[PDB]
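A single chain, nothing else alongside it, follows as structure tokens in the form deposited in one PDB entry.
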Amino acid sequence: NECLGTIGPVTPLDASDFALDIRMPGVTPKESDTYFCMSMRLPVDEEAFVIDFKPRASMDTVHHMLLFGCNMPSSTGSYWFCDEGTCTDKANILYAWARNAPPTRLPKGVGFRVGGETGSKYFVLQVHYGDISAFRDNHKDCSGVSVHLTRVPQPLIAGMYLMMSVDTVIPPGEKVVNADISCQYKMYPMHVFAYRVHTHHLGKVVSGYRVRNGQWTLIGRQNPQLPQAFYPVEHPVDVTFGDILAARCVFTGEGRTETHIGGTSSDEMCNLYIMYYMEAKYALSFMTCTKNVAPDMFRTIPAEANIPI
């Protein structure tokens, strides 16, 4: 969007609410495929709730944008290159915008709990400039996100469920290898409202289900070779004590002359982010599954999970 000026990024809306305008401080990227970051310090030393995101992306030039909660940004400058990365501590993804992709909205009563003793103190924005054919120096970009914070305790708290395989091995050629992930859900109910799949250049399809009394209910199916936005769940799925979260990333060997789990694009990653909410009295902000606790259960995984789209 047009560049802010002197107006200031923090806007008080009342004694409970404030708005943050988190924007690049007028940047001009010189190479194609540049990653710019900046960070805003939360202006309250206490528990706040993030209850709305509005993207302020130039349709011309911004490919994807990521907003993260952490306590320690990588750099301290007004903006910096983040091929390096985002936060020194754990980066808690809050919001992922991609150019052409359905724009998910937070369900009524939902907040991301930030600040206080335990929450994030810092928002880190990350902007992917793609084709730099618009950036004929002819402009300075101020793309970013608007964020509505309240100190009012929200009845529903958002969280992030990450499922990643960490022992996977793809020999070269081997037309199909399956990374299977599965954990038994032991917490109070979560309502899954969005997912994001992330593989590197090998993965062909990634699929996530809740399985209850042997019934496979789809959470998401995506080609991981697309813009990695949070896609919206076709039917919001509850997950309950006794359920199994199961995921499968499907990988090809074809193309490789030597793969394992690592951070290098030469390495692979089978990741599924399930964004969810819980009742506030029960809410956990993060859960992880790195095991495969029920491998004999993938025997009845739906056909759809083994085929591209």
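Residue numbers count along the first chain shown, from 1. In this text, the rigid core denotes the largest set of C-alpha atoms whose superposition between the two forms falls within 1.5 Å. First, how it differs from the form deposited in another entry.
Of the residues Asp60, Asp267, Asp33, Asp52, just one CA atom moves 2 angstroms or more between these two forms under rigid-core superposition; it belongs to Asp267. Annotation: rigid-body hinge motion between these two forms, rotation of the minor part against the major part equal to 12 degrees.
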Second form
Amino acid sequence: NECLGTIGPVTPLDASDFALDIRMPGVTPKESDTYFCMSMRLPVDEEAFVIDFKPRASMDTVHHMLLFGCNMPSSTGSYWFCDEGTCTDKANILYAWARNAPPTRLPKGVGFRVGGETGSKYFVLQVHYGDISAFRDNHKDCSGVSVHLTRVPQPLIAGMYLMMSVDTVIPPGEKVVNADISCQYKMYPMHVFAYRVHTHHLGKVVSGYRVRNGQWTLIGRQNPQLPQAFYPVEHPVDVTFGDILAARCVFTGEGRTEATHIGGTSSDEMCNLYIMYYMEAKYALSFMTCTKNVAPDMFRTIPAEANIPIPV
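What does the same protein look like in the form deposited in another entry, given that the last one was the form deposited in one PDB entry?
No partners, no molecules, just the chain.
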């Protein structure tokens, strides 16, 4: 009893707010550990602000959910299979829901800008099912997310600073392989309030830092084998013009017969750190990406914790 039926996906909230429900179209996964995607055009063409997210997940069957904004979803039609292949243009992550790692709300006054001339025209929802119990009866699943949108401009604008490896090669059996990422920050100040890490099975630890005058300030560090939620930052951290952002993923090659490189499958790897930030509305940009390592030598003074795993 979650599929919306005759009422549809759009609930008016007041004069300038509405909830948009983004739901799987009554799907039934045949195999276990399945990744479904679907998209929705924004109903409004003009600029809007996403100011809250409420999960609508079947607590039996849903392992994780991700919601992106983009302009070109990978597929048209109802739903598709997406082993993390959501958009053809760049997919902007907005929200992660993981089982056993409950999400944290956006700070009040903070929203993502979407729609209009430059914002995302589509949402893409990815749902990872995992365990196919309770699907015995072959019931239709309508899991996803209810998104609160408003036309009211927000004083603070949420954005994403994505750090990702592109060139990493993990030789087979190799005990430790480091993937290092670094860029100089050249925008108005951002304040990091949440982070998410992502590797595949070879990832041991992922850490990100702001480097200012050789001083390393921790943004977040996580075991990527733990649920890949957005975790709150322990202390709010500003990144300002002249700062360097730095991240290290630690991988092992133990267990593999052949080299492992970066790519989109499970026998490939990724080193992704998603740094969620707010900015003053008049200075804000919605996304930044670092795919480089501009200060490789700086990593000589990376804190020792970046090399040590988290005790599970």
